[PDB]
Amino acid sequence: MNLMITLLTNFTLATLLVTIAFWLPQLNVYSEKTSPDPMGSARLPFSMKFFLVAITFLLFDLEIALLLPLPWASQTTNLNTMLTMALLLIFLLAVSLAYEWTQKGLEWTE
Amino acid sequence: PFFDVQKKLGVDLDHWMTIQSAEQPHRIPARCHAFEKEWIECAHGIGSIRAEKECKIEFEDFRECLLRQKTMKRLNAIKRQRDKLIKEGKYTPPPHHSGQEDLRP
Amino acid sequence: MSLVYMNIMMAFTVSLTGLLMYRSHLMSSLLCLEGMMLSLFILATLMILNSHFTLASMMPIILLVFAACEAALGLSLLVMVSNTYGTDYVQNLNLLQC
Amino acid sequence: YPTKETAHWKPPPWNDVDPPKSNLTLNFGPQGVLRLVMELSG
Amino acid sequence: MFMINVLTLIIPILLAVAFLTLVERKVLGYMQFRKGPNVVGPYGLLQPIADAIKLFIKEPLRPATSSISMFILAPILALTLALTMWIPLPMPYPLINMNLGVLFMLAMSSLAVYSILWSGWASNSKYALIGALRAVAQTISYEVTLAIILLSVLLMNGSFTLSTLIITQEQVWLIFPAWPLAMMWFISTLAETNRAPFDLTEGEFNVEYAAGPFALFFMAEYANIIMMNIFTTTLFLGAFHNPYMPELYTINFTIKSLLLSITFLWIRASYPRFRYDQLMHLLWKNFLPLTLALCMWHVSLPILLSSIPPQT
Amino acid sequence: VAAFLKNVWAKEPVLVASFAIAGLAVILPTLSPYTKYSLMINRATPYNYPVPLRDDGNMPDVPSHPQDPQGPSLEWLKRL
Amino acid sequence: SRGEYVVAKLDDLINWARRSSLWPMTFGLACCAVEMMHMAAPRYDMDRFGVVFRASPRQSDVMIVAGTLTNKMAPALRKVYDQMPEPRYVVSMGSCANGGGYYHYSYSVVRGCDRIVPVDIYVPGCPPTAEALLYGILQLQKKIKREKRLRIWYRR
Amino acid sequence: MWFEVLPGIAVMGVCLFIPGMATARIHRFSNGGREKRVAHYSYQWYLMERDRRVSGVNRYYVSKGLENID
Amino acid sequence: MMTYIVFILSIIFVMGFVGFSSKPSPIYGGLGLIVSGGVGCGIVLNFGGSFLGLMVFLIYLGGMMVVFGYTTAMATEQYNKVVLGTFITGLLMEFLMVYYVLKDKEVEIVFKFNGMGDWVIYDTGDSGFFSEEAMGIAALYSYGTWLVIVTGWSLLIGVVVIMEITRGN
Ligand SMILES: CCCCCCCCCCCCCCCCCC(=O)OC[C@H](COP(=O)([O-])OCC[N+](C)(C)C)OC(=O)CCCCCCCCCCCCCCCCC
Ligand SMILES: CCCCCCCCCCCCCCCCCC(=O)OC[C@H](COP(=O)(O)OCCN)OC(=O)CCCCCCCCCCCCCCCCC
Ligand SMILES: CCCCCCCCCCCCCCCCCC(=O)OC[C@H](COP(=O)(O)OCCN)OC(=O)CCCCCCCCCCCCCCCCC
Ligand SMILES: CCCCCCCCCCCCCCCCCC(=O)OC[C@H](COP(=O)(O)OCCN)OC(=O)CCCCCCCCCCCCCCCCC
Ligand SMILES: CCCCCCCCCCCCCCCCCC(=O)OC[C@H](COP(=O)(O)OCCN)OC(=O)CCCCCCCCCCCCCCCCC
Ligand SMILES: CCCCCCCCCCC1=C(C)C(=O)C(OC)=C(OC)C1=O
Ligand code: SF4
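Residue numbers (the working numbering), protein chains in the order written: chain A, 8 to 117; chain B, 81 to 185; chain C, 18 to 115; chain D, 37 to 78; chain E, 120 to 431; chain F, 1359 to 1438; chain G, 65 to 220; chain H, 34 to 103; chain I, 148 to 316.
Incorrect hints may have been included.
Stated by the list, open to error - EDC-like cross-link-like pairs, simulated, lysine to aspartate or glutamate; straight-line CA separation at most 20 Å:
{"id": "1", "chain 1": "A", "residue 1": "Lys56", "chain 2": "A", "residue 2": "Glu114"}
{"id": "2", "chain 1": "F", "residue 1": "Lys1369", "chain 2": "A", "residue 2": "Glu117"}
{"id": "3", "chain 1": "B", "residue 1": "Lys159", "chain 2": "I", "residue 2": "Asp251"}
Unchecked claim - Short derived list, chain G residues pointing at chain E, Cβ under 8 Å:
{"id": "4", "residue": "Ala81"}
{"id": "5", "residue": "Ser85"}
{"id": "6", "residue": "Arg112"}
{"id": "7", "residue": "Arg122"}
As the list claims (entries may be wrong) - Footprint (simulated), chain I over chain A, 3 or more residues, beta carbon under 8 Å:
{"id": "8", "stretch": "33 to 47"}
{"id": "9", "stretch": "54 to 67"}
{"id": "10", "stretch": "72 to 80"}
Hints listed in this document are in silico derivations from the structure and should not be mistaken for laboratory results.
The beta-carbon is built from N, C-alpha and C at its ideal position, and this holds for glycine as well.
Turn these sequences into a full structure, and let the hints steer you where they fit.
Here it is, written out as structure tokens:
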């Protein structure tokens, strides 16, 4: 309840500041501006490499999502199994990184 | 095809997450542990065809523990009759159902 | 049953019919598909937290991860479509009628 | 059995490979001083 | 009374962000054998006030926006996420004491790239969109080592509770068992906030915003800078906490966080920029393999030493 | 095995430190004498209630009071 | 009156904030760019006056035309000038920006930048020194200090 | 010289000292001159709500000791 | 009103899906799914699933919808009746459901649903010094061995498959 009040207060302060930034200098009666970029009007060329680094982020972030219960998982009684599976998850993240390396996936954004 | 590799090789690949009555971490019971244990111990070994008619009481108990539909229907009836008697002025709530009695412990 | 399950199931069916009635884009289709996955996450989570079935609390995370990986696959499929026609329009995917 | 609807269908190519059916030009102008016309391939 | 506490959080954040700009211009001045601002105020203290009044009465730049709604929402989201990263911060008591404050901060910092992305698409410039995609890919790249380094350090904490992280460091600073994680953390948080030598937004996305909303993006970015320095201070340089005198902890973490923010200011006046592929090479081929190796080491290390921290 | 190791430490020291730290993380819990104490501390942390047993008549090793001598002891945890 | 006092104090406030936070966009055309780079150097240090070093042309407050304006770049100068938000000011630095200078009778030189943009401060020299350019910037600040935007708005 | 940057650092340091000092004094004022009760776990919440019921003033922080038993 | 808050969040949740199931544009669709993920996270938080809700933020929103908006911003070059009609259709269906289940305390679209607030179905005990949800997620490494093997293998194969099908060779 305190957190919802805090979030609402921060959103209200941000919206108030954004409204003051978008409406206080509108009251200036300066002048109408007649006829208000490196590429002129060409279409945006699709970069395969930006999409590749985004999907590599998504997959390694999923592996991070598997790694996130480890400070709680160190408290278990089956520690040999836990340690094996934790090292196996970080090892499979490293194998994902090594395969991303050696098949030229980390290139021109290395 | 149900190639029961787990029972053949003696490994436990996915039986632990199967039911709520299984071995939980730190011995946490589910909210319907007793009902599911009774339904499983009723319906064990006798087959599904016999189990649908010979364990109907345990399964209705366990389903009504899970979803609480009869419980919520009874609470709906009690609360709606209470609201009708409040609207008609035939009833008043007690002081201990208003917040003026300094709860027990 | 409980009243929040009504809204989570109806959200799943809304995103179903959005995923079952395309307009033009494949990206809007994948958005409806991941809305379906999100509603499944919420519904499985509310069941498992309701019944206090402890071991299934790792279940929706798995339901996230696989399906999020699934989304990655679909995005790459979309990109290959957008590396042929310039758009992700589903009406350009009709070369297999004959 | 070609009908009126399935009459504009030609058979698919023999190797089943279809024909696929430009690089970016930037103007880093004056905005010492220098104008540049870049032909970039990514 | 809680609303007074929220105000005494969020208004001094804005004031410290306002005077961080003066401290940046002064510290970059003296490191460049010149002075910073010393004319507008006594010792320059009225320079941010003059500059804020200047920006709020400057003409609106009036762009042709692609989407009006996301053009409005990107400063709103940037400021809201810049302010909500402070509420679990234990100093020595947070505003919102929660069990998962670390994961909350990692989540609300993961949400910060939508402001960059919406501001880039809401501008009609394709060049601004390319710059926004580069900045988003950079930030989501370094969030990977943020998450993994942060997990590896919290394997010594026992929980995601930020208040437990002070109890963790009552005998030693946590930089002594984890200085390689500390230095990769420090460079990764330097790369989170688009901060030099990782500022490719200044090297040749929100250039279509007027002076007001661009100032709001700027102050959200400096709130993130102060916040990540405070979070690094709590995370690796945990101060002494006497519960009967909390101001000892407050003075101590304030001095350490000021030194760490000055260290950001001191890095930006020392190095040239990376090329974009060079910091991609820095993440994926230098920081992430060592981060995974140290994650294995900090998984296996409390087990081999019998130093597993408590769950509670 | 000797020139190759110095070569990869000269060219790519980040990767050598990576595989060295990961190799120590793999092998060293199997060689550490303190790995057993992690197990013994985690199983000695009482999250639940020690639900007592009905004294049927023959349980010589189960105590009747917590301060009785018989039962599990944690003097190894205090001393170490 | 009372409202005249209010518009006087608000003019003093907004003129203080506008002269104490000048953000320049410097056209580095020619040799005068070197002397602007000395006006940013540690001896003279524009940054201690609130005058930042190299603001972007869409958030800058004053355009310093520092060098020779040719015919090939005069539409680019006018484009950058039109893209500045108001209040925008123009400092003309050096003889070629002022009146053509040593290239006044040339076929390819705009005879002063004031044929292209409205100029506020003409800073004379070849090049004017960094101290003389800083003199021109402080004279621009004094010109902003006596602006009467709200007093004339109140009297209209 | 280099001590000219110190007024701005002092202003910024006071502005960072305000939130923690303020939340510490507010947590002492709103909780009877003590720390705020950390209830991260449901046992801690159970004890805190038991305190709220055993105080009689609907407040968890008003403590009752041996004077409340006979 | 406050005892129905999860229900109210769930209504916003359904509204959020009509924010993108009508499919206005994939960027407005992305924004609608972000707001939907936030409110559904709040629903998860209000049964006590804090870690699962922060997975909805960190992995679903901050991880994956980032990539959706990223890939979408690399398409649909920057500048309906059916959209607004389908939107108000789904909205009126949902508010008719609200009105029915609030005037009857019972509804049946496909299943029977109660009309009281969903606070009633909760448990009246404590979990001690652990979250049962946190310990069930910590159980992934001790009890969940086969699940970790197949999930890590599927993610490794996912990396391999993404690199194969995007190479074009
Ligand atoms: C929290 C407080 C602050 C923390 C410290 C940080 C303050 C200092 C900041 C200085 C300014 C930095 C500006 C940005 C610089 C960015 C560039 C950069 O540094 O790139 C990193 C560089 C990048 O490499 P590079 O580019 O320099 O080298 C060339 C690399 N190749 C060949 C691939 C092209 O180095 C790293 O990535 C190192 C990261 C940290 C390493 C930690 C190792 C710890 C030791 C482990 C054990 C080793 C022994 C072996 C095993 C023994 C077992 C017993
Ligand atoms: C948590 C703490 C945060 C602190 C933040 C702020 C830090 C700096 C605080 C201010 C330090 C001193 C500032 C002095 C500014 C210069 C004032 C001055 O001399 O103005 C002179 C001017 C003209 O006066 P005139 O009468 O013409 O003089 C001729 C004399 N024969 O007359 C005028 O200009 C009119 C008078 C203007 C007065 C303005 C004063 C500054 C206001 C700044 C805002 C913050 C206030 C302090 C907040 C914290 C303390 C409560
Ligand atoms: C485009 C739209 C506008 C964009 C700008 C604004 C939105 C984006 C920025 C704001 C993001 C809000 C995030 C809200 C939830 C954050 C997660 C959270 O609440 O975690 C903290 C805490 C978990 O810690 P714990 O200690 O376990 O809980 C106390 C019990 N021991 O959990 C709690 O303490 C739980 C408290 C009760 C439940 C709170 C529910 C809050 C309301 C729902 C979500 C609000 C945001 C919806 C939109 C998000 C869009 C991204
Ligand atoms: C068994 C332990 C656990 C192992 C798995 C966990 C690893 C944790 C760290 C994660 C690593 C992920 C990334 C791995 C990628 C490996 C492939 C690679 O990088 O090959 C290329 C590299 C030469 O670099 P190049 O291609 O030229 O780069 C261009 C810039 N010059 O080639 C090289 O630099 C050669 C790399 C191979 C040889 C490294 C030898 C290190 C030995 C350290 C001491 C012994 C440690 C014990 C373990 C040994 C395992 C082999
Ligand atoms: C009803 C009547 C009143 C109407 C409303 C007005 C309320 C009060 C507003 C503030 C004061 C207005 C007067 C402004 C200054 C006027 C006098 C002046 O210009 O003094 C000049 C003096 C410095 O002299 P200078 O010309 O710079 O010399 C160069 C060095 N030899 O300058 C100085 O010494 C410094 C001047 C500082 C100006 C005041 C401080 C800044 C404004 C603070 C309040 C507004 C902003 C609040 C916070 C915003 C967000 C941070
Ligand atoms: C009302 C609260 C403050 C609103 C924000 C305005 C003041 C802070 C930002 C201004 C600013 C300063 C001081 C500044 O120094 C600067 O240059 C580095 C900027 O541009 C990149 C700025 O935007
Ligand atoms: S006025 Fe003279 S010194 Fe100055 S830029 Fe022109 S040619 Fe060079």
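- Hint check: is the beta carbon of G:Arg112 less than 8 Å from a beta carbon of chain E? holds, 5 Å
- Satisfaction of hint between A:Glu114 and A:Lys56, Cα-Cα up to 20 Å: holds, 8 Å
- Message: How does the stretch 33 to 47 of chain A fare against chain I when you require at least three residues with a CB closer than 8 Å, holds or violated?
- Response: Contact hint for the stretch 33 to 47 of chain A vs chain I: violated, 0 residues under 8 Å.
- Message: At least three residues with a C-beta closer than 8 Å to a C-beta of chain I: is that true for the stretch 54 to 67 of chain A?
- Response: Our answer is that it holds, as 11 residues pass the Cβ test (under 8 Å) against chain I, meeting three.
- Given hint G:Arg122 near chain E, where the shortest CB pair must fall under 8 Å: Because about 6 Å separates G:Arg122 from the closest Cβ in chain E, which is inside the 8 Å limit, the hint holds.
- Message: Please verify whether F:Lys1369 and A:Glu117 have alpha carbons no more than 20 Å apart.
- Response: The given pair, whose Cα atoms are some 17 Å apart, holds under the 20 Å limit.
- Mind checking the CB of G:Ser85 against every CB in chain E and telling me if the closest is under 8 Å? G:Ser85 check passes; min Cβ-Cβ to chain E is 4 Å, inside 8 Å.
- Message: Checking one constraint from the list: CA of B:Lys159 to CA of I:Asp251, max 20 Å. Satisfied?
- Response: holds, 13 Å
- Message: Under 8 Å between beta-carbons, do enough residues of the stretch 72 to 80 of chain A, three at least, approach chain I for the coverage claim to hold?
- Response: Held - the stretch 72 to 80 of chain A has 7 residues with a Cβ nearer than 8 Å to chain I, which meets the minimum of three.
- Supplied contact hint for G:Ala81, tested at 8 Å Cβ to chain E: Given a least distance of 4 Å, the restraint on G:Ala81 holds.
Checked against the numbered hints above, the structure violates only hint 8.
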